[PDB]
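Between the sequences and the hints, there should be enough to build the whole structure, so can you do that?
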Amino acid sequence: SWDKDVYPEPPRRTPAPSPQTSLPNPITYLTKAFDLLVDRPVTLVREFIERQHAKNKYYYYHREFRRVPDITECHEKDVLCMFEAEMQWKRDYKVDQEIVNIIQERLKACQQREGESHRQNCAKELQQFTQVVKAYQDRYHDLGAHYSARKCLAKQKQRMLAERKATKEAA
Amino acid sequence: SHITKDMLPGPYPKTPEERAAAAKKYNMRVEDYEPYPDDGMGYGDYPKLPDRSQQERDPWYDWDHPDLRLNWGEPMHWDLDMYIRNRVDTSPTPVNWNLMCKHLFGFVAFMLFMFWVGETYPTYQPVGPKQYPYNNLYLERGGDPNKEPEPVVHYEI
Amino acid sequence: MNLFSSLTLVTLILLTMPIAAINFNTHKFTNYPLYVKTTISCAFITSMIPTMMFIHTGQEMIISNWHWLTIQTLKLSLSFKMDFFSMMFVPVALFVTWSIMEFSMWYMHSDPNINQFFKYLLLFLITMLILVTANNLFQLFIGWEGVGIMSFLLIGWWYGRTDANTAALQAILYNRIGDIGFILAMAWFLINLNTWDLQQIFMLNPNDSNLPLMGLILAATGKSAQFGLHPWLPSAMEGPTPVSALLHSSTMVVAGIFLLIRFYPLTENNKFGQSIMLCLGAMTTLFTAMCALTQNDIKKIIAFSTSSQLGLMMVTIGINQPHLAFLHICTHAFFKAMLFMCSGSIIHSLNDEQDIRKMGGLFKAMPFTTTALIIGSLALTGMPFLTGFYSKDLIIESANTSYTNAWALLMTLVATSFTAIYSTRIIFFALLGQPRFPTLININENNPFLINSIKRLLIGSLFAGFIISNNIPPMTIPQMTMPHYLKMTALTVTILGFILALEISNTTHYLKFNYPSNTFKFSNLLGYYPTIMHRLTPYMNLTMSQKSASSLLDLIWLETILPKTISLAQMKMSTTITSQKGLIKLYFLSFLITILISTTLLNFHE
Amino acid sequence: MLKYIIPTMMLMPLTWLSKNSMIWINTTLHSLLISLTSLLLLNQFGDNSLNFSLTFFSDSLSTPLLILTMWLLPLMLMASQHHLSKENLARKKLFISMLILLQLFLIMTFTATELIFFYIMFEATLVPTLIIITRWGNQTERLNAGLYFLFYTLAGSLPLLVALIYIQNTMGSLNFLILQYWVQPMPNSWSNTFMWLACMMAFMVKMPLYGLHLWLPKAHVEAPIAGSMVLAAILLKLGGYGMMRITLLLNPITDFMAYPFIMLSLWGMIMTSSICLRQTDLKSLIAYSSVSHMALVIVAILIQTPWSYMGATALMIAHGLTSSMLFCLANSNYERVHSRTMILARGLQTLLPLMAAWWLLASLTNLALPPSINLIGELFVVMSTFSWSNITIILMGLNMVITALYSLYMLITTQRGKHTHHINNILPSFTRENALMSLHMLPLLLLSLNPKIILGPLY
Amino acid sequence: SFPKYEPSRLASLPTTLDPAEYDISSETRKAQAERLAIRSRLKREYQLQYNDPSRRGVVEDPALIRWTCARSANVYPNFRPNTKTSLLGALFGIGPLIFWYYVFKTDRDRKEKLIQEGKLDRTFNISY
Amino acid sequence: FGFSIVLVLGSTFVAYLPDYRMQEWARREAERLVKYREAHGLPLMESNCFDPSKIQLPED
Amino acid sequence: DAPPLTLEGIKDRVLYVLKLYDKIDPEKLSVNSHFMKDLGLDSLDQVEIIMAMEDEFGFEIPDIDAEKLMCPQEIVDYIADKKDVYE
Amino acid sequence: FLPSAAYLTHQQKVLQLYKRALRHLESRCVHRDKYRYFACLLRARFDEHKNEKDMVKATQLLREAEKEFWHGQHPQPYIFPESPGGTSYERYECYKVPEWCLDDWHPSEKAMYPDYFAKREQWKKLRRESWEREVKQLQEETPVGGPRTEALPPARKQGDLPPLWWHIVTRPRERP
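Residue numbers (the entry's author numbering), protein chains in the order written: chain BJ, 3 to 173; chain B8, 2 to 158; chain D5, 1 to 606; chain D4, 1 to 459; chain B4, 1 to 128; chain BK, 64 to 123; chain AB, 2 to 88; chain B9, 2 to 177.
The hints are simulated quantities; they were obtained by calculation from the structure and are not laboratory data.
Be aware that a few hints might be false.
Stretch-level coverage of chain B9 by chain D5, calculated; a stretch enters the list once three of its residues show a Cβ under 8 Å from a Cβ in chain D5 [stated by the list, open to error]: (1) 32-46; (2) 86-92; (3) 100-106.
In this text, a Cβ means the ideal position worked out from N, Cα and C, and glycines have one as well.
Right under this line is the structure:
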């Protein structure tokens, strides 16, 4: 299962076909025969395998880590601060990429479920996608291959100094 | 094994002994042995052949090598890897070569020019644009939920 | 629906047993053709159901699972999508290939290599299915290169025959130019939309799109025998008959225009793009129609005809009408599968001689095949109104009711006239002439598999166009309001083509021994394009391979710059240092001049 | 890691104190046991490398290459009989122990920590290959082959030592983390240009780049099969591994100074794919194919994208397997006829009707058939270089077309159309060569299913 | 009645309209007789060393060996650096290299200056 | 000892093993973090990953 | 596509198409007859006969042979060599 | 380019022209009746000056005939589907296996087909039994120090097989 809060679904909508025919309805006959001749033994086998696995219990824990402080609280060369700082930053980098993956999966689900009216009821999700990708483009993009943490902080300082000069000139 | 003097150093000169040795070596007619000549492009002293030779050699001779027209002892023209049938077929053409290229270039040039004459001059059956119901079908294009209404209407005609 | 996804995935998985079966068997099954035929029939009967469910309600759904290398901000799973094209094309292709399984049971009765043949043909079907279903575009590229290389193997089935593997080399080369176009399209989609997946491409419509559109154009004109890159098509007809039938009936021939159909939201706008579409298609259609006249090999004629119909579909994509082009795919598929199968029936009936000269009169040599070919070749141009009517004539009238390019309309005009005249000429020269074919006749069609296959495809090509064209969801607004002398013009052009080929026939009855007037030669001799390109482009690259590349630049100059300078320098310096004869006065004079030249000239003590 | 080092030592006196018809089972069995032993390695996770000592460690670039080496040894050892089984027993033992010492210095080289140790084990990787190819070079110019070989690799790799000692005594020690965690940018003075030029040019020699690719073809046409597989797969991808490590330093000037090498690599990739379309000596076509793939590798290394490095390491591993396999098939054909030429041995669709299946499978992997790893590598490198420039895709696609054509010409030239019917000595296919093909093309397809292992550090 | 069939480097000249086959001197008869004699002796040697029932190996043609040794190993000897060789070497070896080099300098300077302006479409350009 | 103990055992050993480069750990961690940042109103993926209070721009 | 040929059948078919030819007689039409001595026809119509065999049976014969058939028995022998006529 | 002599002759050159023009007239002309008319017309056109005692005017008319032929040929001359260039060109070469094979089989299948392999073994003993003496003596016996021909004499001496016959007899059957 999953968290439906973080994976939202639109409310379900289903009509009922009303013939207004007299052939009648071969596919209903076929889907009833399909359910009776396919869905029953797989259900019984799944019941069997569920008992055989629920006879004893395992667990896998979600791994959780602490928060070692920052690169900004590390000294000149002094590796024993920088090591914790950069592995903390790199784990934030991987989880941030997977956040972007989750937003894009939401965007694909909104494209498929909303149908051929594209620009209806995806515009808020498109809005938050452009917001988060503006953040990602501004923050992690143009550093290249050998990012460690230091080029990220250099980009940070250079960006906010450029914006400070821009608002100083605009004022 | 293989004789050391069945290799091939140096070009044609001088004419008696070297051409006699190449006639004894490459198994050719004496005054049909042709080096390239020596412009220093490498090439050794290997013969020049009539250079097409493979849509030639009409296939009812019943030689040895059935898909190469070999006869086990021909001096084997330098560019043979470009001349196996399935690579380059130099048939005597049914028309020409110049006539071919001139008519092909003329036809393709004329058709592309008529395409340009089409591109500047469209057809249309005489009909105005469609009467989209809600402001050129607004709110269902790219977005804009409450930014700007774009008022444009249609009148019954 | 669980039924919908379940039946589609088992239509996939039914084409997985026999390959692994005879890879695991080692005991040679006698009933292997029967087995492959009945599993294709079971795939057909499982594929008929969810398409009927699709037209019954809709419920238009994608499947996506088993993600591998979900590396960066993208991901890619094996995923394919049931919308309309990948939804209800698959029964047509399975039906066509099932009839070809019948016809290849019979036609390949006399080879022990039949099992590998059916393995290759079923593998080609699997890859064509994985091509036409996917929305994850990497899987599309998988299906692309797989159907290319299965086309290579099935053209080069008969080893020996240097013309055959020459031809297969041409086919795989134009497949790779399709590959460079497709990977340029994939490059632009990745670097400007963070994925290569159909759904997000449709979600965000970019403004500047000329580079991926040119990539898609290059992919289509490489894949589907279009002008500039067309002449691999008689090349593709070099191979065996059911290979050729499946190769250019539905599978591997529509895959070039299948992509441009699939990207219809991207090719909505960019009128420059649609102009490129329909101008290129008009060029293909006129050139292959003009080349199709004065040809005497049957398979080259049927291949030029299918290139002309594909050019009509390129024009159909040039106008914003993709769904009529898909209608044309289905009708065309039934149509020329039945036509190739009738042709191969005639050819193997008459000792594999295949040429129209030395075939002349074969009407009433049993008229099942003559009836079959006149059904097919009058379904060409659409005798009003049959399955062939709908696609071709609604396409040309909708093109006439469109903001067209004013020259492509005349190209479709002349192309419809040309396809009429070679259709009527091939019927006359094939069937109702005077019988010119060598003696000891061995004509036989009292044959259950052949009458089943030809029966099944005439029953298909008589009804399926109307049945499919009736129950489409209306995906466009039909025009239906034409002026006078613009709806009549279809039947006008086809009737004048019939009359024109009739009068050419009744001049062929005469005796004059006329002369070539070089338009005869331009029509007959492929005009000049395969000869010029296939004799100039191999010679140029291999002239540059021998002189410049191999013998000149790398070997002799790179060996005379990096080794030889060093080796000559070391050799000359050795032979001037250590080549000193053994006297003592030399050594002490060298000592003295060294002491003086170290003390006072280049000083060491100051 | 010493758990892998010391049985590779103890596989050497095994070969000495085994006797006739007794060395073989011992060497092959125990080398396959070491293959399982390093299949146990793959633990590497998340944050960093894994340190197998104060001296050894493994990046995730190094794990698939190390597993590839210990996979490739027993395959190679079975491959190198029937052309020396009739030679002497002591010379055969010397050959096997030479290969074992060779693998030992390869493991030494891949599991390096310090770049000086890496350099010592680099030329210790060099010295057994020399002795193998010169002692069993089997043709009249093995002299010139070994001479060109050793002088190119040393005289290119000679100033690399000087540059690394200079980096050693200007920036502290040379652990890869302390090469990292402390590296500062170095501006565009010309001494920086020569230092970058020295390191990158030594590994350019070892890839090869295009201006120094005639190092290669003599050293493969006049080599035995074991030294050829060693040389091609492990030495060229070892050079790529070395540049992939040492490109961490000197990033602020590689943009300004990397322009000629990219263009040399691109135009030489086109020229090399052109030059292997028309040559005879079928063994050499795989060598120029290797130059083409390594030119694509060098494009991928000098552009510095994580996309580029993932595509680079996938292209490394897939091309290593493809080239080693295809060398083994060319050795099979040379065992059939004593020619080495291309146009002579023809036919063979009739005869040996399943050798052609392996030729087809190798030719389609060299085509980069799309589920395989080679297309994964080439595709991500093309993606990264198109983000590098909007123009270079002409060269990549034209490489793809000419690569398709020469690989297909290799397929349908020697094994399509007509046997020359004056051969009449070729045997039906042994179980041994079929076993070698099966050892090649099971792991390539099994990685084609699940390729998340072989991608690089920037996964 | 016909423009007499101008030849080319691709269109072969067929055996009919040579028109040198119709000026038959005695030298052409002598050359054809000697050429038939050469082909006769070569086919005799080949067929006698081709039909031997004890002959196991291949017939080992010296023609193919001689052509291969002339093609690969007999290039570097012999050579002299001529004006034509040096000219064509520096043209077909250095010309395209320096041309592609300058055009990639131009494209890279365009893209660097344009993204230094910042007005490029890299709103999301992640896969660099 | 080349297929019957190497190939299928290596296939099982590399078909699954723990999370190579922390993949599904990152999946579920991103799930929980985006659920937290939706359930507490603050915008998901805050830009400026280092704290601007703990930064010092050099001056002109 | 394999009808079995036989020696009597190929003899009958070749003699049928020789008898159908105009300027010979059905009386003096022997199996062992010359195209030069007793039938008296010229080389031109002899190669017309060679063309009739090529156009009936479906394969060329080379001009190294068309000099030197000159009798129907060697015609039957030569198509027996091209076809290898036994079951 | 032919095995018998160093040239064809004038006669056979004119003859090959007649065969080619007649074949191209087939490829030009359908319905076979007007074909027969035009073939007799072409026969009369060659009958006009057949009896020239001159030779140089005959070969000049041959060259002008080649000009009017090459101007008037067909784009697809009607090549039969057994000829090279044609539709077949060794069409069933898939099964044209040479017979130096079939002895490299496992003796299980040699037990499957016993009589054929016994008779094949006595064929090979027939081959080796008369290989050295008669064949090599008849090759190094008759001709001049240069052979200067591509024919070869038969074994008319007393007994056994004509020389150099193995790859002539043991060929594929051209429809397997």
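The hints, checked one at a time:
1. 32-46: holds (count 6)
2. 86-92: Satisfied; 5 residues make the cut.
3. 100-106: violated (count 0)
Consistency note: the structure conflicts with earlier hint 3 alone.
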